[PDB]
Amino acid sequence: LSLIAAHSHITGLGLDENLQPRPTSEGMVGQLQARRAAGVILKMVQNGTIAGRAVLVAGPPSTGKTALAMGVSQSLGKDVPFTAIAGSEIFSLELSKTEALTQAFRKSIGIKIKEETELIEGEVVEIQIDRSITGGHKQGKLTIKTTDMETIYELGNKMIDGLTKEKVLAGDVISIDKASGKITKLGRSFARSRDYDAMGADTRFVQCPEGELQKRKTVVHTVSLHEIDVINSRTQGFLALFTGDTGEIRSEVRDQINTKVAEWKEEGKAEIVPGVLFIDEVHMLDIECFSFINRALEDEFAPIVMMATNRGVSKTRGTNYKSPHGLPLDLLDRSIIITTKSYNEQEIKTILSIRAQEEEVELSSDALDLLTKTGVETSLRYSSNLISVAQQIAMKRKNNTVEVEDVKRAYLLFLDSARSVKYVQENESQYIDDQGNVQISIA
Amino acid sequence: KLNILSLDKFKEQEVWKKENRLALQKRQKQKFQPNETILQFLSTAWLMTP
Ligand SMILES: Nc1ncnc2c1ncn2[C@@H]1O[C@H](COP(=O)(O)OP(=O)(O)O)[C@@H](O)[C@H]1O
Ligand SMILES: [Mg+2]
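In order, the protein sequences belong to chains A and B. Counting along the first sequence from 1, when you hit position 201 you're at 201 in my numbering, and nothing is skipped either side. Counting along the second sequence from 1, when you hit position 47 you're at 47 in my numbering, and nothing is skipped either side.
These aren't lab readings, by the way, just hints derived from the structure by calculation. Watch out, some of these pointers could steer you wrong.
[Claimed, not checked] Derived PhoX-like pairs (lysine-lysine); straight-line CA-CA distance at most 25 Å:
#1 A:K141 <-> B:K26
#2 A:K158 <-> B:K29
#3 B:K17 <-> B:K29
#4 B:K29 <-> A:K138
[Said to hold, decoys possible] Across the chosen pairs, the derived CB separations fall in these ranges:
#5 A:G211 <-> B:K18: 52 to 60 Å
#6 B:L39 <-> A:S8: 52 to 60 Å
#7 A:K78 <-> B:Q28: 47 to 55 Å
#8 B:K18 <-> A:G136: 32 to 40 Å
#9 B:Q28 <-> A:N232: 44 to 52 Å
[Unchecked claim] Examples of chain A residues toward chain B, derived with CB under 7 Å:
#10 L95
#11 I129
#12 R131
#13 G136
#14 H137
#15 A170
Positions of the beta carbon are idealized from the N, C-alpha and C atoms, including for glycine.
Using the sequences and the accompanying hints, generate a full structural model.
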């Protein structure tokens, strides 16, 4: 379930086999140094050996740092956890800042336990359940068939109850899990003898299964370390996995879970797949959060943390002194910083074209040139937002292409930051000032 | 003569023992409610002709 979002146009970092960034691949344009560094961090995550590294992405706004993070996440793909949080999310009311950071850190480490299960699959021939009225004894047998074999099973009480609940019939192809006991109705083999109700609701036939009736299959259970901690914190922690309200889990629970998971890894029962934690706008975090991050990165069960910042020198929250990146020197000492630069005219043009392709907006050459000039003049994101409005204006005109006049109308209707600032300065009396004064009347 | 008598007696005893073991197993397999009414639900594939 997704819609066309800001970073929906990038499917990866777009790198070669030697980590050399392509000029334009997988949705990303330019940022060759940044993309190479992101690929190095990608390989570091995929190796799974280096623990608790911190990496910072710095640069001016609209330089693609969040795009770089989304590219890293897409290259990681599924099965490798990626926890995207903002600096504002830590400050909660039910949990402490340190507890929220601990939970965010543990959300990025995945534990995989693989199990082998026996599955019975086939098309039912005959089902027969005999139960005595006003009596608890039930006796039943079923005949489940496959293309090459057919057999009869005499059923216990629980299997009889499960099949009665599932409403299994003759023309049903079902699967039975001998361990769990769940019955899944895969489909139908033929019609239901033309009774009145439910006349033609079974037309979507499914083919009869083929092969051994009882076959073994493997099932992988992937659960993050934080989920295990929440489950083992209290008896009602399982509800807390969905409701929230996990509380502040006692440190002994986390230590014991760490020891148990290490034992599982040494035993081969579980596979640990560390991931990446991504903090948007880390400058919103307090100095206490930065100290905890400093210490918690030294743990052996820690993920790789990547942060985005554009503040330059700024006051660290919780302190009264300015810091090089809005972060204390202690955190800067243990983090590798990857930088981003402003975009050329050509890079802006090709990013606009990529966005137009993703938004399914067909731009004429002159319209694209005008949009590129506007983006260089005002902002990349401004032109990106203008594309869709221009498409809507063109649709209002009953035209299937965006021309220069549609972009001109969109430019006239919707303003940039600079034009709004100019209009405010020219008409300052019509707006409420910081001193709380405004003129409402026009005379 | 006496040994033949004893041998046929032993053969009959052995046959009786084995048959009784089989009958006991069958009686064990037939464990259900005695002489009670039973409600049965059956589903089966039915062949059809015009
Ligand atoms: N190198 C790039 N390749 C492709 N698209 C980019 C690139 N850099 C930025 N963009 C696009 O421009 C927009 C910039 O967004 P974002 O990355 O959040 O800016 P910032 O780097 O300031 O956080 C995104 O919607 C992204 O799709
Ligand atoms: Mg961003």
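Query raised in the report: Any hints this thing doesn't respect? Which numbers, in order?
Result: 5, 10, 13
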